[PDB]
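Participant: Chain by chain, the residues run as shown.
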Amino acid sequence: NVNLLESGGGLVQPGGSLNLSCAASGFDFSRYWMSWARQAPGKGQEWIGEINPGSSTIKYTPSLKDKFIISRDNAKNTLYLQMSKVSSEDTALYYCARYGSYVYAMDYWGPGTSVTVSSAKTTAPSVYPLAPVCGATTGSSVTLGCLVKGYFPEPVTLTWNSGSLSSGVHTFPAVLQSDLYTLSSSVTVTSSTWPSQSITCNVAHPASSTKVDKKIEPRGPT
Amino acid sequence: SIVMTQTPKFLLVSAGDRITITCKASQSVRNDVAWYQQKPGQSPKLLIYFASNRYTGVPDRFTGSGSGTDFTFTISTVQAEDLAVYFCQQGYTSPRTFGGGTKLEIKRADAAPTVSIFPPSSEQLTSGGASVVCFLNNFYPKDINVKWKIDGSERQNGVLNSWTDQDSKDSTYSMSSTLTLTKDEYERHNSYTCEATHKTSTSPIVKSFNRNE
Ligand SMILES: *[C@@H]1O[C@H](CO[C@@H]2O[C@@H](C)[C@@H](O)[C@@H](O)[C@@H]2O)[C@@H](O[C@@H]2O[C@H](CO)[C@@H](O[C@@H]3O[C@H](CO)[C@@H](O)[C@H](O)[C@@H]3O)[C@H](O)[C@H]2NC(C)=O)[C@H](O)[C@H]1NC(C)=O
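Taken in order, these protein sequences are the chains called A and B. Count the first sequence with PDB author numbering and you get residues 15 to 236, in order. Count the second sequence with PDB author numbering and you get residues 25 to 237, in order.
Everything labelled a hint here was simulated from the structure, so no lab data went into it. Yeah, the Cβ is synthetic: ideal placement off N, Cα and C, and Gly gets one too. Errors might be hidden in some of the hints.
As the list claims (entries may be wrong) - List time: in silico BS3-like cross-link candidates among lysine-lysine, alpha-carbon distance up to 25 Å:
| id | chain 1 | residue 1 | chain 2 | residue 2 |
| --- | --- | --- | --- | --- |
| 1 | B | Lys166 | A | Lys57 |
| 2 | A | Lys57 | A | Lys99 |
| 3 | B | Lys207 | A | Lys229 |
Said to hold, decoys possible - Only part of the chain B face toward chain A is listed, based on derived beta-carbon distances under 7 Å:
| id | residue |
| --- | --- |
| 4 | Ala58 |
| 5 | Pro68 |
| 6 | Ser118 |
| 7 | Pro119 |
| 8 | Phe142 |
| 9 | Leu184 |
| 10 | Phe233 |
As the list claims (entries may be wrong) - So the derived list for chain A, only partly shown, Cβ under 8 Å to chain B, looks like this:
| id | residue |
| --- | --- |
| 11 | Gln59 |
| 12 | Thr75 |
| 13 | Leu144 |
| 14 | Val147 |
| 15 | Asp193 |
Chain A extracted, bound-state conformation:
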């Protein structure tokens, strides 16, 4: 049960500082080299640096050697990335990864923690349920929508019926405009399940401590 879990990502001011951490479990962290990598939006993976078990050897990609610091606390099974002098080029998903025994290859990667370098302010989304057109739908199936408008920064998480509704979902990538993102998600279910049974979209925006659910019902006076 090898596991890595990054945390500490979020919004940071250009020129500012931010500390990432990565909790290791399911293996003896103190025996392994650890590394950090990052993936900017739309770009490829970029290796950040590595550190050996005893912290005696720490290496960085040159662009980052004077602004990022890697450390580890073996007593806590935790790997750290101290980011400083950050700019928009540092906006990325940051991954911690373990080197395999006897190889400089990253045999397990964490899920990543998102970092945004920006002057723009955190803004919660408005969330809107999208019911079908007013006419009672013909056909065996129904498509519903959830619109998530005007939040900053990324990301938002959107589920349907607390995630117990996973099939027939499409969550469309956020689009950024005027330092505000908009995203939507469609769910298609059989007309035998809606509207006779409830469907809700669950929207969480961690950066604004926001958690908004919207039940979707047919349009019309109530």
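Take the given structure of chain A and dock chain B with the ligand to it, following the hints.
Facilitator: The following block gives chain B with the ligand in isolation, referenced to the frame of chain A:
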């Protein structure tokens, strides 16, 4: 600092095909090259290390070869679930740089989109803004044209489109087209239409509603 030039950048293949990706190192990296697979929304997984060795549990489909500066990665029989970005890395010397990645795209049969149009939410118009949403779902291939029509006339400003990645299950794409109006502008007109021109048909798919309905 060593550059890993990975080719091709994009790759369109059908299930069953042999594919070969190439990584060219700007100077020798001995045998010390790993290959990774990164599916949409997932972290990378190690497939190949020291250029030619499958990591534990990696299926026989995946192989690698090379030494010095020329390295290849091969999927002998491409399967739908192999939809992902594949990238190399040299680990001979720090910095242990990655290649630029190869985006693998799965060829499937052509499918027309299922189109659904949505009036502005009951809950939105109070805010003074009005978003008209058109979902175009489960179509192939990716390219598609969405035309918005207000009362019969075309509208180009205020439209924003967003595509999903290829679904790993059915290899289709989905797209949302969002027309953003003010409440006041939304209320000036009655007929709202989104037209989906896709190569699967000469005839556009048309979904429409009237605001006072
Ligand atoms: C990011 O983390 C650094 C490093 O701190 C260490 O590493 C982290 C990953 C965690 O494990 C920490 O628990 C751990 O200590 C933080 O740097 C620390 O900042 C404080 C100030 O906030 C420093 O204290 C000062 O020290 C000077 C002496 O040089 C005194 O004059 C000051 O009065 C004050 O006491 C501390 O020394 C410093 N530690 C190191 C090792 O540099 C940093 O604050 C943190 N950044 C963010 C944004 O969270």
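Participant: Now, for every hint given, state plainly whether the structure supports it.
Facilitator: Each hint tested on the structure:
1. Of the pairs offered as hints, the one joining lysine 166(B) and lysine 57(A) holds, with about 20 Å between alpha carbons and a cut-off of 25 Å not exceeded.
2. Distance hint between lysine 57(A) and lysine 99(A) is fulfilled; the C-alpha atoms sit about 21 Å from each other, no more than 25 Å.
3. With a C-alpha separation of about 23 Å, the suggested pairing of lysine 207(B) with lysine 229(A) holds against the 25 Å cut-off.
4. This hint holds: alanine 58(B) has a C-beta 4 Å from the nearest C-beta of chain A, less than the 7 Å allowed.
5. With its C-beta approaching chain A no nearer than about 5 Å, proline 68(B) sits inside the 7 Å limit, and its interface hint holds.
6. Interface hint status for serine 118(B): upheld, as the beta-carbon distance to the closest one in chain A is roughly 4 Å, under 7 Å.
7. The criterion of a C-beta within 7 Å of any C-beta in chain A is met by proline 119(B), whose closest approach is roughly 4 Å, and the hint holds.
8. The closest approach between the C-beta of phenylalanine 142(B) and any C-beta of chain A is roughly 4 Å, which is under the 7 Å cut-off, so the hint is satisfied.
9. Interface hint status for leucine 184(B): upheld, as the beta-carbon distance to the closest one in chain A is roughly 5 Å, under 7 Å.
10. The interface hint given for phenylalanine 233(B) holds, since its Cβ lies 5 Å from the closest Cβ of chain A, which is under the 7 Å cut-off.
11. Checking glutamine 59(A) against chain B by beta carbon gives a least distance of about 5 Å; that is within 8 Å, so the hint holds.
12. Interface restraint check for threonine 75(A): the shortest CB-CB distance to chain B comes to about 4 Å, inside 8 Å, so the restraint holds.
13. At about 4 Å, the closest approach between the beta carbon of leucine 144(A) and any beta carbon in chain B falls short of 8 Å, and the interface hint on this residue holds.
14. Given the 8 Å rule on beta carbons, the hint for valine 147(A) holds: about 5 Å separates it from the nearest Cβ of chain B.
15. Proximity of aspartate 193(A) to chain B is violated relative to the hint, the smallest CB-CB distance being about 15 Å (cut-off 8 Å).
Violated hint: 15 only; the structure is consistent with all others.
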